[PDB]
Structures are given as structure tokens and as C-alpha cells.
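This document opens with one chain alone, in C-alpha cells, the form deposited in one PDB entry.
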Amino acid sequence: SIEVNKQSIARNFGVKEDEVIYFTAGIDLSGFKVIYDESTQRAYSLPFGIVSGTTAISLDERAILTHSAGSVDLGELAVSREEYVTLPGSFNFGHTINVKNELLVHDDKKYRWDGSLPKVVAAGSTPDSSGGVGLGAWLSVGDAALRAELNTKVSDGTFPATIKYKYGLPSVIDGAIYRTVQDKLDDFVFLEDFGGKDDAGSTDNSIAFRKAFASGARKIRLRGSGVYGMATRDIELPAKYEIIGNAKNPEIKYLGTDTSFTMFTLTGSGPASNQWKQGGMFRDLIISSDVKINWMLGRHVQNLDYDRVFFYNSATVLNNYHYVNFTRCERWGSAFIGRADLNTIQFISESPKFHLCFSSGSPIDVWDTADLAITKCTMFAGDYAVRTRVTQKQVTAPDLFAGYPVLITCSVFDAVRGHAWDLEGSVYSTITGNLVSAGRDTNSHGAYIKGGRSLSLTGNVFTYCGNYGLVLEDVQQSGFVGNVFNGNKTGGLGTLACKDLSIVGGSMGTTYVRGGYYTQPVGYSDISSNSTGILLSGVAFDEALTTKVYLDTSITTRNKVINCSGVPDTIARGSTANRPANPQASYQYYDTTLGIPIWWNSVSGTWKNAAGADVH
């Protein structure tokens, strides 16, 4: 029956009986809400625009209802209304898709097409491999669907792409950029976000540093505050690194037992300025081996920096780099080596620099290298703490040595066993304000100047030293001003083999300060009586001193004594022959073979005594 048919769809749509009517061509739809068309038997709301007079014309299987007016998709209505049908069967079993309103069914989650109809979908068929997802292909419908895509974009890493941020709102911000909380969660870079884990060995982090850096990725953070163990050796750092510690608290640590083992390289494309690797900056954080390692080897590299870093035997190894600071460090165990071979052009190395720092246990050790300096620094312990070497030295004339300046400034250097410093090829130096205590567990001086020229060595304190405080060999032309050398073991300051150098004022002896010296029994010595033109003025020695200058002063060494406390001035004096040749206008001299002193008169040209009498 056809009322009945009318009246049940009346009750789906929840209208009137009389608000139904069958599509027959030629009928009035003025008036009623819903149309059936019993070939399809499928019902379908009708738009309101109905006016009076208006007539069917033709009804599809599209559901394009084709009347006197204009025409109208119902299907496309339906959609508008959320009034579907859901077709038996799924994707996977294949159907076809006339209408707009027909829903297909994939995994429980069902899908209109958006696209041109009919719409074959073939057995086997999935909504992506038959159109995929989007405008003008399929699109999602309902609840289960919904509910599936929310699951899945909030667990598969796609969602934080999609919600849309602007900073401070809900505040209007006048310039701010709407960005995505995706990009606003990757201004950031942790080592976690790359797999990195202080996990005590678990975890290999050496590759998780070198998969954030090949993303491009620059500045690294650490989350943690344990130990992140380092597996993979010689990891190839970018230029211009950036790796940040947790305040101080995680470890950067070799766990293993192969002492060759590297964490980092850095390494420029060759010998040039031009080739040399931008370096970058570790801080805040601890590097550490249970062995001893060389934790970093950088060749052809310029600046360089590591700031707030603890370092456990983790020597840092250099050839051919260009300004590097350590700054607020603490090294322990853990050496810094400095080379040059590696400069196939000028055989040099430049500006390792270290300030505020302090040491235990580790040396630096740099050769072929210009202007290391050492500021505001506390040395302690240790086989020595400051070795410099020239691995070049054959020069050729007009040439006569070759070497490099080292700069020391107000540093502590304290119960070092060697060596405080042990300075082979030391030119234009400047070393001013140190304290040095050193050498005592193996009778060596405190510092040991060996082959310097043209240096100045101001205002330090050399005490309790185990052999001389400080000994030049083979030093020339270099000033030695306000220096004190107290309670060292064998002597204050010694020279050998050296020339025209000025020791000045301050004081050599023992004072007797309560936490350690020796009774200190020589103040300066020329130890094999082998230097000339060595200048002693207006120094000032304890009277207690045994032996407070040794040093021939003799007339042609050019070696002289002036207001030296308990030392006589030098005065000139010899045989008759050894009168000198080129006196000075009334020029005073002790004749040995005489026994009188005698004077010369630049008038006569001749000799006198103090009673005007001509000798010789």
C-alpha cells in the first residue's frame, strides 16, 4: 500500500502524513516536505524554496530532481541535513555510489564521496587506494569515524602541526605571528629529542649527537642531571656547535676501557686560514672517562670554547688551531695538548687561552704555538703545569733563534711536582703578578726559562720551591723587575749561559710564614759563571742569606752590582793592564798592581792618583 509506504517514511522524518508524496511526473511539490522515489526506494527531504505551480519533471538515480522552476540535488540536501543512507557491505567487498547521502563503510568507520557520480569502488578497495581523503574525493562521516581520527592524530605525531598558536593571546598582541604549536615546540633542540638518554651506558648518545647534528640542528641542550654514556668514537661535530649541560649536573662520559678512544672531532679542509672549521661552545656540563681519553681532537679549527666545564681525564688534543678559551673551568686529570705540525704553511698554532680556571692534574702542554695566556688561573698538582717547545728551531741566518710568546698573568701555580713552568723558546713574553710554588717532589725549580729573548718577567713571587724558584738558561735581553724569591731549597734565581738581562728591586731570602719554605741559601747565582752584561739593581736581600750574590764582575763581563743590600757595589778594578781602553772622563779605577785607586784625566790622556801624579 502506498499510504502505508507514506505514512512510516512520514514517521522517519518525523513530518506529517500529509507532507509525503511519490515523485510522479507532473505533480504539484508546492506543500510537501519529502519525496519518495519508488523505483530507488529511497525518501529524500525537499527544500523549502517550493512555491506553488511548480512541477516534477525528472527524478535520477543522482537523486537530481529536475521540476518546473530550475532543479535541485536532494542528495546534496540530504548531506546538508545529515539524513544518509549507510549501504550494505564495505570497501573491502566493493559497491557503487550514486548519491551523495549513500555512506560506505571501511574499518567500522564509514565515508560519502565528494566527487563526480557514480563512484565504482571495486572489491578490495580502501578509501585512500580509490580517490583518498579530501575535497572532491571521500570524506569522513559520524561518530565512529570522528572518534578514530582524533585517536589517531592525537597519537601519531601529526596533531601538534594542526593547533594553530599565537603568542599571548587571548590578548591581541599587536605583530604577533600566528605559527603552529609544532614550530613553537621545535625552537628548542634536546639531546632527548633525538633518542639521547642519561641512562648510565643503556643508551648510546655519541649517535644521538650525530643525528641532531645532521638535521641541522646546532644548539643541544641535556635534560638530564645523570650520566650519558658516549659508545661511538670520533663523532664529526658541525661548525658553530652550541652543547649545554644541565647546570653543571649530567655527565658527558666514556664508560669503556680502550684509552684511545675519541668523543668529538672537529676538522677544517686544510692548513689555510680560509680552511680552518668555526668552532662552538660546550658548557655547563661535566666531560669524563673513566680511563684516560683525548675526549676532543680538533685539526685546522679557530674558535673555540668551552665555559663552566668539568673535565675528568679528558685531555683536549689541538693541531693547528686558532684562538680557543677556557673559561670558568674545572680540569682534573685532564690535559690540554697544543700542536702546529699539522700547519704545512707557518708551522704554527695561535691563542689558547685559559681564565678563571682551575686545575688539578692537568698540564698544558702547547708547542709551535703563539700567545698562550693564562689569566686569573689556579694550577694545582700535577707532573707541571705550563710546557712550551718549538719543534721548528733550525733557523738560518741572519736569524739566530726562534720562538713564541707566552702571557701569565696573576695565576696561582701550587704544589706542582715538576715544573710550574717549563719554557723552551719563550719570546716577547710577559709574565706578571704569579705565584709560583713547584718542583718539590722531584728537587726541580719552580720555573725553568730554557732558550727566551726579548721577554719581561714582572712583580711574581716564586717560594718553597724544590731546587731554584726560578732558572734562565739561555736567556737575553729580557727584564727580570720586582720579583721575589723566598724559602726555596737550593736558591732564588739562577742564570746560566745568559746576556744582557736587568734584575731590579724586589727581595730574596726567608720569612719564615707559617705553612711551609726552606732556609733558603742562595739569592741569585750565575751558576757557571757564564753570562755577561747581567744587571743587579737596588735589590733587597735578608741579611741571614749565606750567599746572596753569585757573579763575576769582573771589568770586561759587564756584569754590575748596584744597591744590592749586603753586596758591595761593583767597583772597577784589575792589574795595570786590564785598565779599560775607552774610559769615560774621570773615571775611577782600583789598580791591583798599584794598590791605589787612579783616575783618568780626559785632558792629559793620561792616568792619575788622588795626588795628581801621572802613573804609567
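Basically, rigid core = biggest C-alpha set you can superpose within 1.5 Å across the two forms. Numbering follows the first chain given and starts at 1. What changes on going to the form deposited in another entry:
- Shown in the overlay between the two forms, fitted on the rigid core, is a CA shift at residue 45 of 2 Å or greater.
- When the rigid core is held fixed, the Cα atom of residue 115 travels 2 angstroms or more between the two forms.
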Second form
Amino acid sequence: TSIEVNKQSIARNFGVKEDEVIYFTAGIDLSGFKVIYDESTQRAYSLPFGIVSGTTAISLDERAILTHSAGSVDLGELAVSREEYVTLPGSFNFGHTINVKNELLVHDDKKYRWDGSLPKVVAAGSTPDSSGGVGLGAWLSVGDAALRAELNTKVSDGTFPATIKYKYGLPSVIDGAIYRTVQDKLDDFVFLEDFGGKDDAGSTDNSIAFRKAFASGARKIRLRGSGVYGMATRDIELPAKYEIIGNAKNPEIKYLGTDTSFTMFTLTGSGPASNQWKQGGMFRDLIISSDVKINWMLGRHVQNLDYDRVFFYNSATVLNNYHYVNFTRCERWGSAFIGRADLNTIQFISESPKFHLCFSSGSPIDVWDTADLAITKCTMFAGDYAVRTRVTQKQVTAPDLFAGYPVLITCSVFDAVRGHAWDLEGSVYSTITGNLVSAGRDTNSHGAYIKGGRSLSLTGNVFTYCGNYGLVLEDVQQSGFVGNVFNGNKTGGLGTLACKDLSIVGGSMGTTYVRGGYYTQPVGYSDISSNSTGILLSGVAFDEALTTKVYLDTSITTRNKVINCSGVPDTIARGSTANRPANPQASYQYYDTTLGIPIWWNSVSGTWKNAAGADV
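What about the form deposited in another entry, after the form deposited in one PDB entry?
Just the single chain follows, nothing else.
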């Protein structure tokens, strides 16, 4: 009487009543019962709900497919939906045959069911991956052990952020916000740390991190740390339109080696033509440093570079054939700017390095063959010199008489420079306005020295306490110098050597003995070698205590003249009869030293007359 005791045990397993279990036998009414039993396979299954009266059984096969008068039903599938499983003996490794959807095969302490066609044979030595894979239509993991292992794997294998859907502003419903992944959202920013960058002061070679970061296509790179990012691999080529952003000017990009030939970054165009200049980028909010003097960056055939709030230390910037470069709010310590143009084989010219709101100590600006160097609202302290311009090819062919380029220096301060604050050769169409200069004391040098200048304006500047003259002009022609003050300089205020057609107007020269440093300036203006012509002094207020206010040949032939300069005689038209003006205007007065009388040109008589009206 084995059957009803079997029905009892099955009922206890399924938590149903004893009379709700039935053996499958053909033709029976399946209605009302909740569990059916197969004698051949000795497997039990829950029956689908709502089997109506008169529904009779036809067949029940190895795959737990139950066929009856009303239709068919997969009891294996139903068991799965109800999480009623049988865990088969053995495992994937030793092999087994899967016949039913609710049969589980253990692999590595984890359970899997087959979702594909049945029956399914797994050979000995199989894995779920080795026998059809994991997913719909294949192996599907079941239960606690499998889930725990899978959760641990995906969280720790790096795939999880890509799986997590993200929408900005959730749980709030925001119109237009789209679904992305947490991976993608996080990828919105790139830090050097993402490529192995570390501010561990030389343990990590951050040069490599930069290289790999840029190689990925990234352009805008942030530094997380406040420490030193050591750089040990030279000549990392920057991509076009880079932007490297430090952590609020805290971290350092630093070379720690001893090789002065080391260079951190290169920026390199394909050629000298404008369509070959590589587009530059931004360095900002960081320190660029080296213990030894280096050229930290080398730029060749480049355009549109920016440096903003960068602290440079022993780190010179070298550019050759460069066009439009901004240094803004930078602090330059022992960090020269070196501008060249010899790589421009087309025009041999570079353009517009610009400095604004910068502080410099021991950091010269040295540009050759460069047009429109501009320095505005800057302070420069110490160094051998502050600003230097050079022209490499000085020879010209007629009708050209001179070669040079404009510089624009405005409302800037140049202080305690050891040599010249300004050492300007080939300065043409330059405007130099409202600057303060105090330089050259350490080497007895002029505060500013312009050698080779044409058609420029130097306006409203102050030159004080310089090591020689405040300003010396050598080989400067057709230029204007108005409103400048020349105070307390060692040897003189303003000096000229072999100049032609200059206007020197207003301003003041002398010594005001202001606390903080001055020499007793002995000379006001001097044409030092007495070989300039067309030098015009008008309205200059000279300190009466000046030993020599003006040193200048103002005889009739030199075209040098003085008008209304205090302590200095007005230039009078005078000289021998031979030196009478050839084509004087009407009523022109000339003191004839031969005759010892004033004479006047009479336009009507076409003769010189004395005051009595008689011809001489």
C-alpha cells in the first residue's frame, strides 16, 4: 500500500493536503488537484491553477510536458516560475543529462538551469560557459550561492558602472534629462590620476601619465593632488588645444633630475606656414618647477598658447616661430621667456607674445625677430635684464634703410634689474607708455637702452635711480619723447648718440631726494657725442640744481633747438652771413654775427634788411 504514504510525503514537501496529490495515469480528471506525480521518473510537479472539470490526462513525458484534453502545459516551466527545483546528483564536471526545466546542475558550488531545447547533455568536464554559455536560451544561474558570487564579480571586475543607469536629477522628473550610465557620467572628467598620475614626489613618472592621457583623445586634464608630480621622461608632445589644470596652484609639475637639457613638453607644428602652426592650449593654476635650470617647454611652429596663474620656477619657455601667446597672472621665478623665429623659413618672424598682470623675479623676456611683443600691467624685479629685443638680419637693401619691429610696453614696473630694464634693438613703431623704470645700479647700466629705433613713441614714463642714464637712445630717428621724468639717475637723465629728428617735450629732469633711493643726477639731457641733428627740446622743467641741464649743439646748421626749458637759453637764429637761411620766409629774423646786428628778410624787396629798413 505504498501509494498513499508517498502522496503524504509529497504533500508535506509542497505544503499541500494529502488528497491534493495525484499520480499521473492516462484518462484521469486532473481537476482540483495541486500536485501531480510521475511514477516512471519519480518526480513531482505543481499543477497549473484553474484546471476545469472534464479535463483529462493524455501524456506526461520526460520533459514534464503534460498533455490533456484542453491543451498542454510545461510543468517544468511552471516549477521554475514557482521556484520549485530539483538539484541533480553530481555536477557539470562529471557530466549529466538535463531533461526538465526545473532541474539544477551544480558548477563550482553554484546552481544553473537550462533555458534552451531539451533534453540537454553536458559532457564530462563541462562548464556553463563551455556548454552553451550563460543567458536567455542557455544556462541561467539559480539561487543564493550563484547570486552572491555574481554580485561580487561584477562589482569588482570594473563592469558595474557601465551597467548602472543614470539620469540627472532623479528622483525628480526633469524634462529633457536623458539616461546615461554611471560610467559615462563619471567619464565626463579626466584627472591625471585616471592614467596613473600621482603626486608622490618622483616615485611615479607622470610624464608617461600625460602621454597616455592625451593619446586617449583627452584634452582637458585635471590634477587632483597638492603635492609634487615628478616628471622623468623628456619631450612629451602635447596635443592641439590641451588644457592642464592644477589644484588651485598647489601641485607642482616638477623635474627632479640633474640634466639641464631636460624638457617636459613639446608643442610642434608640421611646418613654417600658417596652416601648419599647431594650435596651442592652456596651462593654469599650477607650479612648473625644476631644481636645475631647464627649458620646460619647447614650442616650434605654434599659435595661440596660454599660461594663466602659473608659477614658473627655474623653468624657461622656449618658442620658435610662434604666433600669439598669452602669459596672464603668472609668477615667473628664474624662468626666462625665449622667443625666436629662425624656424620660420618663410618670413623669419614670430608674433605677439603678450604679458599681462604678471610678476617676475630673475626672469628675462628675450625675443628675437618678434613683432608686437606686448607687456602691460606687469612687474619685473631683478634679473640681468628685464626686456630684450633683437633683429637677426639687420642688413637692408635700398630703398629700405632699416629693419625692426614694434614693442608695446604699458603701465608696467621694472625694478632693481641688474642691467638694463629694457635692452631694445630694432624698435620700430613701438609705443612705450606710463612705465616705471629703476634699473642698472649693480652694473652701472642705463635703465633703458634703445639701439636702432625708428618712428616710435615713448610717453609719460618715469626713469629713476638708474645705474647710468635713465634712458639712452642710440641710432634712433623720427621718434617722440613726451612727458617723461628722469630722476636721480647716476650719470644723467636722457642721453642720445647719433640720433636724428627727435622731439623731447615736457616732463622733468633732476633729483627730488625721495626716501627709498636716488643718486644726485648731474646731467639732464645730453647729446653725448655731439653728433645728433634735429633734436628738439620743448617745455622741459629742469631742476635748477642740475649741473648740466642740456648738452647740445644748437648752432644754426645742426637743426637742434631748445624752447622754454628752464635754466636753458632759448635757441636764437644766429650765425655768420654765410649761414643765413637760403630760403627764409617773410619777416624772418636772423642775428648776423658778421655784421653784429639783427636782420629781417623782406619778401617784397627780396633782400635782407636792417631794422632801419636798409639793405645789408
